[PDB]
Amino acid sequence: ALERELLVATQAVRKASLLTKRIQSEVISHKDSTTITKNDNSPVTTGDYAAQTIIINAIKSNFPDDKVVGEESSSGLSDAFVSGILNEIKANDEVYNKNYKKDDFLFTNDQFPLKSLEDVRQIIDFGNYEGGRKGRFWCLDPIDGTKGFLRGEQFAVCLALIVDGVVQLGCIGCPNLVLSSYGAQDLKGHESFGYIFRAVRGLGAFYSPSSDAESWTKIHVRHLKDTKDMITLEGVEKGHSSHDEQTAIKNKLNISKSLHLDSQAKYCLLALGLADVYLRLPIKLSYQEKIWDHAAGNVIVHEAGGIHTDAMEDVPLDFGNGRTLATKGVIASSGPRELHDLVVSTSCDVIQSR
């Protein structure tokens, strides 16, 4: 099941992970020209578009009819901005093909040659699918954690395949993730562009240095019993999650130790067994989480033996509702069920007491 799809996912994430790692400092330096404020006031950069371009072009070259829910859109981008996207893709190709080329794998072809500005626009815009309850589609956040990217910190490149509303396959590139920062040992080859994490439903979760992506090491959550010894994972950005209510949960459960970082790299650390509980409570209850912020993590966490629900009702997340999740917030943990249920019911109670 889904062998070709996993190869495509992995290689697409891999090449985009190299590009985003390499361009990060330049994007930061040239923020006035490389960064755009979208209509929700969130940032998008040359790197986000370049990653979306590489990944969707790779999907379409290998699966021409496939549907994609991608975060970004080319509408309104100027030709100059698009030429910059294309140039970064070709600069990356020159490094990538020297060093990391995968035999018998195509990123582009006759139909999708990725040569012109119009090609770039077209490819970005294949991410305009609405998702939903039936059928197969890909789900992409080309740079998850753009704010973290722009702070020179953690971010992730995130791709998933959903079939009939269920995430079947996930692949997360964490180009800046150094495991020695999180207690753990790094693997040979990590230094160039971080790690890739991946999973297929029913087949396990694995990781590899991005530069490798051939030798895969199986991962599983850890199981601490002394909750007081547990570590939470939370976002850094104050406006992405209710950090004060999250702290309330922590106080109440005596879970003092804290890691903060942007992106679905958090799910990767949970799945690797370096932390225990991920908390993302909504500040505003009208907010609907985007599926691309959670899909890849969902299957990776599942396959690593963890639990993934909303933050109030303790129900599994439903990836067949369209581009958004209908529930409120997200909580993931190592389990077991009783611990997970405690965390979620504490979250519910904190939110109800507002």
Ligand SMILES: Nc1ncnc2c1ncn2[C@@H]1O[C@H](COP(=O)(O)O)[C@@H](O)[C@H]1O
Given for the second form:
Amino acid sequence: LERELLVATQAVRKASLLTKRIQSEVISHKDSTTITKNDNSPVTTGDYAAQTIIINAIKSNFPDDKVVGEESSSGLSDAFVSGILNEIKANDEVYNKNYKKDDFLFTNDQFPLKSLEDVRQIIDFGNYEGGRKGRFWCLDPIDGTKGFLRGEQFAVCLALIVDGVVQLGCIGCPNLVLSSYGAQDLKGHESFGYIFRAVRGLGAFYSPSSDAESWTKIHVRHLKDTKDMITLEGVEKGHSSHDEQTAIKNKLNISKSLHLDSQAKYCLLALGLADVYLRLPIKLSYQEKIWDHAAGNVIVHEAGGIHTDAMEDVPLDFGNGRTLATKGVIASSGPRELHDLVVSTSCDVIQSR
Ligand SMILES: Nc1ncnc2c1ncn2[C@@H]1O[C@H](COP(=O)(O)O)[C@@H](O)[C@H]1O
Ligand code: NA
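Provide the structure of the form deposited with adenosine monophosphate (AMP) bound, given the form deposited without adenosine monophosphate (AMP) shown above.
First the chain shown before, then all remaining chains and molecules of the complex.
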């Protein structure tokens, strides 16, 4: 999967810079850069620009490839689309001065990414429904859009699924400063953060996004007692059952928690800076989206961790379409005894409502 990893990495890299660069402007013009979707969730110029860069890179390199992307261009006005295009081109002017990759194409004759109709066409390639067989890309162009809009953590996530199993993942964390989580930062991290990646069977690695050439292997840690561990949880109260997560902590004597938006959580897990990622469901009717977890799935696995749902303690199934059929998500450092204690506690807490 050599070409695929290169494409994915460069695609995320470029989109990581664009999204980092525009975060403030988006926030400041949060009347004209942001749209509300049918569930009231937000989507910005940044989300679409990221999606455009990424899909255009995939399609330039792999013309027939299928993509499951959360966004679609229907309804986007020309003015809105012109703003997406302008951000891509401004980003290119900065990006090409320092980060061009030799012998790598983001655009070609078939997909030149020059017009508003090109933009629309590329966005609209994200409409695959996934499923059990064959190869397809899974993208969350801005992962944790509320984190983005709060000026806090967000990520840019891409994965390749083949026959329902995630084979490759790439997560850009443009605002992730390791010194905030008790770790050292690497040279070059300050321009646009870090990129994390893994291929099934080949290990998990990271690099500053500005580098993306020299890769450092990462692995979860293994603390022996739960009273020393650290949880990872989201910030948004509506995205997970915080009170039930607290019950879990209290039962396990955990007194250290980190809250942040996006799959950057899986990256901190995989680096060994925390131990248990909790994502219990508030409502059992919710079906988790694959693009919120697929990149992280393979990164955690290759880092030596475990990833299941939050009730049954079964592995997540990335072949069910756009959603996970199970309820909630729990990831940890493992071993299995730690993981199972956590998930069984979650199960019991939920059942006791
Ligand atoms: N009710 C919900 N339960 C779980 N996840 C949700 C819910 N509503 C939205 N989300 C997802 O939360 C993701 C961001 O996760 P996070 O930053 O970890 O809180 C988004 O990309 C949404 O798809
Ligand atoms: Na998103």
